[PDB]
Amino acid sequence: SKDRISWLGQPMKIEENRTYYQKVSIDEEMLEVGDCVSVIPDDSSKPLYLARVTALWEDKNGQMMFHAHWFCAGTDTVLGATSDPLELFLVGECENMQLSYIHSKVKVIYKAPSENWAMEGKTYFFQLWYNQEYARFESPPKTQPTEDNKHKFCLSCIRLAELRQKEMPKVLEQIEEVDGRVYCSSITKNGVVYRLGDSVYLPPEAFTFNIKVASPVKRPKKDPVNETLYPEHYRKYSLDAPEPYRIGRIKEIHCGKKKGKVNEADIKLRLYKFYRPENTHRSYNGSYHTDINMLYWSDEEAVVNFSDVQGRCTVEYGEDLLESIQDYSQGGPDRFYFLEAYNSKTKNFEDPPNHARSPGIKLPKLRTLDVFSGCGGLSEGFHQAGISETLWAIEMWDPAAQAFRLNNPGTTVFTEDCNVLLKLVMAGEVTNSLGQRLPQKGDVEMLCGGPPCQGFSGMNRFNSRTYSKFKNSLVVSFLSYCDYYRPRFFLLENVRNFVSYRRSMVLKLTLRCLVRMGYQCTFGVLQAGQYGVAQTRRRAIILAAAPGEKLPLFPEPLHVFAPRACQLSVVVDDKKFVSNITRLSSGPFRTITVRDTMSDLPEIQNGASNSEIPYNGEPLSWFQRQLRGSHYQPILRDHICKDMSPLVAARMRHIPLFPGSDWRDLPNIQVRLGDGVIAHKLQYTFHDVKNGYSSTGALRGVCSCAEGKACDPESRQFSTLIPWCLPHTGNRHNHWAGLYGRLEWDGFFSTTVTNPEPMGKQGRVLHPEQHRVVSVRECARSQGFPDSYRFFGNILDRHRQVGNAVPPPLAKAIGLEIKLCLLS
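Chain-only structure, as in the form deposited without the DNA:
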């Protein structure tokens, strides 16, 4: 508390409502703008309030005030209790307070990164600005005070202003008013400038197409079946991706008025509607083969609110292009094209109107060390983004290492445990026992890897031994690499639940470590499906950038994907964290289906083992054109599949081809197997108290536990076409949906695993039509691997390599964001 408060010196500036001072005397103690201060919280449980004094003034009401730019205590960030008690973080929170509330002046030191940062391997301090919505720690702003604002300079305030300014709609150029409306030639929002003739992204529900579309005649309940023949059919008891953006060319821009001035909150756009192929009568079955970025011109017009505009996109008439459709297309983000118009009325494709026509810096590649390199999915995505050149890779497992070499003739691959390699460099060795030159300080500019985080699954609290386990884990080793090499950029990829293992303590300790090193850092979850692959794959991503750099953003989703598979947010101690991703529903491109992925692949049989066979056909999908290339390439590699036992071979043959088919479609029949053995009939000799009798008067239990009792030891039945254990525990596991399931042509892969098993956790691994599990190549296609991408070892080795990889299209997306950080 402060009672004796008097100004010192001449006022710095006198506004109309405030008189500013540079110094004040509080209880005989000098205080200055720039000083830091503590304030005692009313809530005794909260950490002490801490602020920088950015300004001093008197209000007309006789109050002597300061502006408090608050600090954030470590425990109020993701770090929580892992954070240094003495570390503060900057935040965009500030306010006006009565000087008399100050409890004490405090010393707050700015711990700046040493000028020799690359070689580094009781007072409060700070180093980073904390963004609490995205969990980003970043370098403090470089912005300096001007003479004009030197008296009130507040980073927090300046930041909020810049946000507001960027966020808000503004009209750049007015044309004329017509009937209570100002028409404009140019506007802007969120940093994007939209002019007449530009194209725009809009939510699916922004407008409607004029084409008539008869509601799909669908089908009544499927054909009924005999429940003794199909005893598990009843357990089937009880097209979910949104649409991609609407797209339109801007024809006019007009807004209302307030006080004789433009109402910018009321800007409206009139657009020429564009048709995606699947928007025409062609629908989807008519667009399987079309480019994902091809559109159709239309003279249909729509009025839309600027507020709804989700972004800007380029749409060009094919013929006006100075380059090839392909070159133009792969040239930049948000690039579309058309070659025809579409008449909603005659359902015909005319030539585009005349008015639809036009008017008639090389970056250094980052030298990259890829730890836990695997077969190189991560390094491949980066290469594609053009941001890196992986010069060094470490992979303990020989086959994967070899695979890496096959794809990267130029990188020195150390097939070795990362722990012993690091010791070797610590040992001063220039070389490993094989003459291979170890990477040193300065060599490594970008460090990436996916450290297997094996233990830690039991999400109970961190104990003393647990902390030791972690200190000896591979994620820590990876951090050791970061600490020694001090790279410009750091990427740690992992399974989604990296963020939640042991109450998120794994996540918190690695962020704590990155912060301790002085790194900018953040984390997030991404869904590979949203970057152009036909698979559900949520992954964790920890990003870090060296003091002098920009911290990259997480890439905006490119493809629409099943919402249920796009739960990207993570809760840490009840706090919900999200990434900067803005596209929370729709997106530019349609979802990539199983069909796009592997409809061109020649037919193979269970156990097929010929690793080199010819494509006997052309790419059918856009996706297949990308992955197979335009280049001459006649050889289809690794189109081989596991050789399932005769029993399992039999089960597969008996899963029907209807979309969604799985083990519950299996007939309860005896089969003579391909060995001379027998798949027997499963027998039901217990009541399932929950499921009752069937229509054939049959019982439905295969164990005593189906009647509420304990399990009969004798219960288990062997060598039976319908796996015994599935009805056994079906009730407690949503009837094991998906097990022995066929992929749907219209659907997507379940998470691509190291060893696809019909009876594994996610067992929807059967080809949609053929009687076998998916091939190594097919799995590679479910990830984003080009067809030329090589793998190595026996079939299981290759599956392992493919299931382990980061899909290159996901990696590429991340790569481009880092690329943004390389400008200037």
The other form holds:
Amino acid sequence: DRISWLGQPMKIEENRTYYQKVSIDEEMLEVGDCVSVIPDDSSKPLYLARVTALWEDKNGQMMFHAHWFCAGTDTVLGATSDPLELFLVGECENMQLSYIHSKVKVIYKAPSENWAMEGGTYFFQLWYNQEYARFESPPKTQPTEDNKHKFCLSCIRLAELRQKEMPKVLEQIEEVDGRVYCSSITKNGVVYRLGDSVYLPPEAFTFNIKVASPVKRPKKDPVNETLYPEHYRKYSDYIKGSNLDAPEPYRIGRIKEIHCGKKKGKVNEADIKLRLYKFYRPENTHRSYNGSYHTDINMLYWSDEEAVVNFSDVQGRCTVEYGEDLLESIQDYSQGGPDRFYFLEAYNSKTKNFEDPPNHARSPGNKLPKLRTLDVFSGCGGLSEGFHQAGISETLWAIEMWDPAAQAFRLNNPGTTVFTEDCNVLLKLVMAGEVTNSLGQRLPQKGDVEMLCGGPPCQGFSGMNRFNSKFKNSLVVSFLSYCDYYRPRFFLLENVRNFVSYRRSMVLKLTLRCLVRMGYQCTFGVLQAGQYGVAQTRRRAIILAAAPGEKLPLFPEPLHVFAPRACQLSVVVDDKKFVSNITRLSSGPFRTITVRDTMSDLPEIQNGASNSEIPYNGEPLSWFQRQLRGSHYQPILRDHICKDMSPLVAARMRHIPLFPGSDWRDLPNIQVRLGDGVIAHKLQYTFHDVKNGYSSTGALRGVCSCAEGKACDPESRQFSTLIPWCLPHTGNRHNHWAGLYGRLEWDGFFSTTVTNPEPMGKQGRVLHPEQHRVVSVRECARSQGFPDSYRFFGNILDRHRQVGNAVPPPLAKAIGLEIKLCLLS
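Requested next: the structure of the form deposited with the DNA bound (the form deposited without the DNA having been shown above).
A single chain, with no partners or molecules, comes next.
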């Protein structure tokens, strides 16, 4: 009703008079308390905030500053969240005291000094980021002196964010005829100087080298619908694993001069121009791709061509050095940091040759401790391998119930205690006070584990699972109980993409709630492994968590370009869209890793090879193979074996064309003489297909009675036919079974590597691009980014399962580097 100020006013500025206490409707109010307000526009029935300022405007009305809270229902947690728990957000607003409904009490529940040893009114514990779905510890910033009257952490976070984001000129040179020339500018926290190199989108500029793109021949020959009676199912014109729509990598340029204009006497820093020396990627020269197969992905070519771009198109800064001015070798300089490129020659666009670059392209002169990591569901160790490639963790403990995976883990990690028992039983032993198991292996205790990582079985969450038991018993909750008992400093959970949408995202919301209740900072996101150095589509949901005293890491920024079809990392929970902190959407610094860079160096083998150790018949033929085979001399190639297929499947694979996109739909309807007097029968079409109609020859396109709208007729099932009967049987409602008995293409990439490559499975494009066989164990590990020195164990099926279940070491390394960034500062 009536508003009356209490006490002496606080420091008054030009138009407002800050106060400390106030009385509304016989109540008392002080800065730091909380206030409820009734909404009129949002679907939410109530809003809660905290008072930070109590100024009185010169208009005569009484105002106050409210830093809003966020109910758990408004977060990604939703209805599962504790109704007494609130979260901090970067939302704040000025409002009159006439909208104050009541005064509520909100307390701060800080983690105990012995928080890591635990685990046997309204309140908030963490800050919530709505855009990235990030639960983080509240800032430690405090009101000092002058800001005590309007201290708003939301205003501070907002001012620092937009000031870091906006461009700013630091060092000016000279002003000539209305144009100011600069030498040092900055934006997004990045300092840009003259002589540095800069990432640009591919549409920033072109090259004087004319790239040719003539007509493609259209279906040069018509197809015989009697010989190939299932080709009409390829009308989609879509090729799985094709990099035709793959975007070009970042354009790189050399800043020579920076200039801009003026606005109202001062420099217009909002519109800064950059003039650059164009760099030539080996795929941009006259060689195009065909010459850039063996070259490094970070080797460029200097040019004296020039182009003018805007500073607003700058995506990032990269370090480009001349080859001979280096103080160390090329490999140590390339593997020493990110965004590092090098060049030894220069490219002339008109002469179409390679020279030595001028002297103005030359540069001036022209121990972190590893974390004790426990790896639950370690498998063969791909996740812990990537964590070791980041040099942030020694995996001391390992849990793996499957024996061959545990053996393969022991072969690659000699200093790891590998437990083969069940995770529930193993945790029950350490809860009972036991020191060692029956085998004498010491059990980790509280304080031993500094990081907990694992990838629970995704067979229940997989999109391919047909027969889709309760949460409190599912393995992901046992894996959470490990995090509750040991309370590590960092926590990582890996699963398939569909993990964030299983049962309307209930599993995700419950795992996040359990992390929030323990006091852990946490976040989630989806990452495509193909963006981090592998030639395979592998979207995986990652759940990160950090201790209250630590810093919550960010998600790794993509390093390689990839097909946009497989880069849909968005996640929708309860009508609210959430994305990771990734800022690179269109392009990236490095080109896409292809099948050619993944399998070209491996020798040619027949279907059913069993020699587990054969020699290399050549040297590495790409940067990817050079990274996996190492610089040391290693002539033995291990695990290059393919499954022995039946003569029927073998003949089917021999009749699959080598052209990209080919699959079972290109198979001919013929009879083939096999071993001895065995005969592969022909497929007979004796039923009408009401959906597909007749063919051009008038022949039918149905194989069963269900193609006529009737029920399935047993005894209509054909056996030992070249064209598999089951594929036209259920093809109409299964996307014509695209990819089955399909081939990879050299310029393309793998589909998601599974535990058993079979051409008649759901993901059935496992045929070699040239050879008449399925992919080998080594080719599967190559698609996963495993080093060739990595060992496996078991038979061919056991090793395939180890490769398929594993997290690609490139992706695990990308995550581990962002974890390393938190150990610093």
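By rigid core we mean the largest C-alpha set that fits within 1.5 Å across both forms. Numbering follows the first chain given and starts at 1.
Engineer: With the two forms superposed on the core, which of 495, 699, 565, 682 shows a CA shift of 2 angstroms or more between the two forms?
Structural biologist: So the residue whose C-alpha moves 2 Å or more is 699.
Engineer: Compare the position of the CA of residue 453 between the two forms after a rigid core fit and state whether the shift reaches 2 Å.
Structural biologist: After core superposition, the C-alpha of residue 453 moves 2 Å or more between the two forms.
Engineer: Taking the rigid core as the frame, does residue 710 move its C-alpha by 2 Å or more between the two forms?
Structural biologist: After core superposition, the displacement of the residue 710 C-alpha between the two forms reaches the 2 Å mark, so yes.
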